[PDB]
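**Q** In case you want the letters, here they are:
Number of protein chains: 2
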Amino acid sequence: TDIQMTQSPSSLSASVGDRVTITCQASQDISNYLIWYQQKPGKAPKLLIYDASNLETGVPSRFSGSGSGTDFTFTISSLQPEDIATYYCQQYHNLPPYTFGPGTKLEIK
Amino acid sequence: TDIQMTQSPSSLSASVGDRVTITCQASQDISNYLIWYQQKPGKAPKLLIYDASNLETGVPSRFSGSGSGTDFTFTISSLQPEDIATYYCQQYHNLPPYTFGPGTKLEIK
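Listed in order, the protein sequences are those of chains A and A'. A prime marks a further copy of an entry chain. Note that the first sequence ends on residue 108 in the entry's author numbering; no numbers are left out. Note that the second sequence ends on residue 108 in the entry's author numbering; no numbers are left out.
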């Protein structure tokens with residue numbers, strides 16, 4: 000019942016306006032029970048997208064996610080300066096451990 | 000259905016060997032559906048204790064947690080140097096958002 004999450008790429012440099020794509024893969028089927036968080040240094044993870052594709056109220060429409068089963072995608076269209084952060088997927092199918100992907104550190108340039 | 004988590008203290012300095020206590024409070028009843036994570040800089044959150052009190056396999060017995068309802072406690076008995084980290088509670092009752100406490104940054108001294 001231990002589920003591993005992998006996440007790609009580990010880091011990314013990009014420019015304002017770019018579209019960037021992050022993926023994660025679960026080691027077993029998790030249906031769509033996957034959240035994407037944004038975390039800025041010294042702050043707790045902030046919820047962006049829950050149940051793989053549901054854009055949380057208050058979060059800009061440039062963020063989206065998709066997937067069901069083992070392969071998930073998170074996209075930030077038209078990147079803004081305030082998007083600099085580390086991004087994490089977390090799975091919560093069935094019972095804990097609700098495992099996290101190792102993160103993607105996004106910077107400008 | 001939005002549940003706020005508060006967490007005390009925001010930061011703590013302590014010495015090796017000390018016992019330190021961190022609390023968190025949910026804005027509504029969450030039974031014992033609360034996890035405690037340890038996060039070191041540049042790494043994803045690591046699971047220590049799930050369902051408020053269950054010490055996860057591989058985690059040292061010095062870590063413990065308790066609580067059911069709205070008030071939770073996390074304790075590190077006999078603090079070790081490798082315990083320097085930021086600690087977060089996360090609630091996962093019912094449906095997302097599975098809200099995080101704002102964190103407690105633990106240092107030596």
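Check each hint, because a few of them may be wrong.
Within a straight-line C-alpha distance of at most 35 Å, the following computed DSBU-like cross-link-like pairs (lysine-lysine) qualify [what the hints assert, rightly or not]: (1) A:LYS108 / A':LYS104; (2) A:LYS42 / A:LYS104; (3) A':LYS104 / A':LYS45; (4) A':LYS42 / A:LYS104; (5) A:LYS45 / A:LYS104; (6) A':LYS108 / A:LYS42; (7) A:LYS39 / A':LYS39; (8) A':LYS39 / A':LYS108; (9) A':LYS45 / A:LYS42; (10) A':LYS45 / A:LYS45; (11) A:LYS104 / A':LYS108; (12) A':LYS108 / A:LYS39; (13) A':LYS104 / A':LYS42; (14) A:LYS104 / A':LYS39; (15) A:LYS39 / A':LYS45; (16) A':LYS104 / A:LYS39; (17) A:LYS108 / A':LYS39; (18) A':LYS39 / A:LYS42; (19) A:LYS45 / A':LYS108; (20) A':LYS108 / A':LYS42; (21) A':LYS104 / A:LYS42; (22) A:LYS104 / A':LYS45; (23) A:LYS45 / A':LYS104; (24) A':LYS42 / A:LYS39; (25) A':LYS42 / A:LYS108; (26) A':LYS42 / A:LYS42; (27) A:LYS45 / A':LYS39; (28) A':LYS42 / A:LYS45.
Chain A' regions said to be covered by chain A (calculated; three or more residues, Cβ under 8 Å) [as the list claims (entries may be wrong)]: (29) 15-25; (30) 96-107.
If you're looking for bench data, these hints aren't it; they were derived computationally from the structure. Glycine residues also receive a C-beta, built at the ideal position from the N, C-alpha and C atoms.
**Q** Could you tell me which of the hints above the structure violates, numbers in ascending order?
**A** 29
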